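The chain below stands alone, shown as structure tokens; this is the form deposited without the named molecule.
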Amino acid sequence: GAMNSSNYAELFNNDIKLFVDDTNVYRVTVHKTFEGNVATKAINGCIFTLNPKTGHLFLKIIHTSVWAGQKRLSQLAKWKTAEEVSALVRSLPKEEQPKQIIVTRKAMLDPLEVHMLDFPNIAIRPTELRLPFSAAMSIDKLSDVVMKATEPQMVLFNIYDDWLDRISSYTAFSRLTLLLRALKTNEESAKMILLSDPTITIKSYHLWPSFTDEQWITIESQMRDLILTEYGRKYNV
């Protein structure tokens, strides 16, 4: 059924599963026309498909050419997402195909179910979790590859860098969701926290800085304080 706090450890068992988030597939800027009407201009987007156990991220870049001459783009974006996820599954060897796909938005259920009819044994599930994967485009290296793309493209990342050498996937996912929630709530402050110290760098082959174990404790506390501060600045508490 649906995925919630009661069955949270299921994410880190040995059944292959993928999260799919479609919140950055169809992206626009809204602007005025010469006549004073309003128009949209699409910008490149991406599908965020993540294995929460391994950190493998399948980042399918959605180039703006895919919208050319199409109508009802927000509806189309869900079906395009489902088409690309189905294509990814078919491209994987059988032993690498997921047993479950968890969509972060319920409107992806029917599009994905229909595109996956050939895979009756792959469960398509919603979640009650409010996950912060929309903030993926606040990660500089992910944003950069999406904006520079001149054609459809798939790029593979490990969103956990080398963290699983030292921590479990439960803890790695917890760190990821804290970082993304902070970036979503106050992007400027979160990035200041992650980079304020010039001596800690991001390896060429990583997304996040090379913090020691003790430094990650400090960073995680700072991210919590930020989320809490914003919760106060918001509701005035």
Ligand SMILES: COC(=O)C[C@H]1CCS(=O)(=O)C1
Second form
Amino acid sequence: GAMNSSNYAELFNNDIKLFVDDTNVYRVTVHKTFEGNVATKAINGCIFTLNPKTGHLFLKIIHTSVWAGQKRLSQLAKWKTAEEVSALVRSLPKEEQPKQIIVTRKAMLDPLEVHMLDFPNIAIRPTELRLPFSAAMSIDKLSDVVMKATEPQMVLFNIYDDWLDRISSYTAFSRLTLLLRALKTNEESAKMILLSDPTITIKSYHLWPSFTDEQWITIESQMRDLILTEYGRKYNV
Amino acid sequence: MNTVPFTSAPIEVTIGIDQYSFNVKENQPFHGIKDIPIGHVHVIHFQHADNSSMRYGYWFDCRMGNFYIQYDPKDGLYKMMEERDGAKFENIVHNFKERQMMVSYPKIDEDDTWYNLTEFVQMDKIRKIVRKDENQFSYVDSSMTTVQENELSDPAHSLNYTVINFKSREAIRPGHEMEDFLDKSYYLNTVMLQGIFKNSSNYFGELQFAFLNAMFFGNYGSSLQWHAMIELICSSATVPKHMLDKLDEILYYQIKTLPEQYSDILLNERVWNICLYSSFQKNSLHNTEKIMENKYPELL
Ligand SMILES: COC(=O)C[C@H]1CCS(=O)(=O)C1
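Please show me the structure of the same protein in the form deposited with the named molecule bound, now that we have looked at it in the form deposited without the named molecule.
Zooming out: every chain and molecule, the one shown earlier first.
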């Protein structure tokens, strides 16, 4: 059934699983028309499909052309997401296909279950975890490949860079969600923390800066502070 | 007019015959039911006074044989049986009628309720849902599970309703996942109607039989089947006009007949609110929507 704090460690066992987050699939800017009505303009989106054990991110870029001439786009977006995840599973060798897919929003359950009827042995699960994957588009290199795309495209990343050489997947997911939660709560502050020091750079083949172990402890402390701060500015505490 | 005699009534029991019912005391001089209308299926059903658990009964059609009821003290129930000796049977019925030991099927002449509840129900189709080919009548009780329930345990004693499952490969064409899940017309019209049921009459007959088993025996899987067959129609954007009009009449009479006090266990709130207020057919069931809103506004 549902994934929560009681069965956390299940994410870092040796049963292949993927998180699917659809919160950046259908993205729009809202604007006024010349007549003073309101209209939307779609912008490129992405499906966020992540193996939390290995860090492998299957970023499926959703080009605005997929919405042309379609109605009820917020509903279509869930089914398009399910279509693309199903296509991804079918493209993988049998021994790489996931045993479970965990959707971050319950409205993905039926779309994905229907698209995966051919895979009765793959469990489709919700989660009670408050995951901040919507902030993926605050990672500059992910945002850049999404916005530059002129056609549908899948791009593969490791969202943990080389962290697993030094830390466990549990710790790496701990760090990833702390970074993303900060970027979601105060993007400007979080990005200043990550980059305020020009001597620490992001390698061409990485997403995040090349912090030493000691520097990651400082960074992680600053991100907690930020999350606590904003929580204070928010509720006045 | 046909007759179902009883050998005797050795245990106190409430007896149902279609939508009617009456109490018989232990060893009361009761010898059956006369004046049963020819042309319809019928159900004769039982609830023992000392164990209201297990309602049970028999679907039959008097045109198919001479049937009687006899209590079995070993199996502890009233059993339907067929008498092949037509002269024996006629002699027995005549004696019991002359001694006025039978209740009369109490049909009001204005009253089309039973016809309206069984319009599409055929004995031949009942016998395919309830498999026991050596008898011309069919036993049903409160506890019998459906073939679908058994997939989610004795197969000889199951209700073989047509399996309807909205998240199944049968219901969903590859490449039309969203379309077929949000508009079930393909599943209704091509898979179920053209493919399995052959026509809407057989579909309605199974629907009507499922409701009646839900109502008379509190059979849970029958209630699930009734609602699934309603929902499949209401969730289809393309339904023949004559089927919608007939469905509205079918449902109206089912809702009209349902005991007011059982509405809480026989009506699925989700299905009915979806069907009447959100579905493609939300404006097509005028009679049913009116009786539901005036009789069970709580549920909605
Ligand atoms: C390894 O798990 C954690 O460090 C805590 C999870 C709870 C929700 S989260 O997104 O913060 C991730």
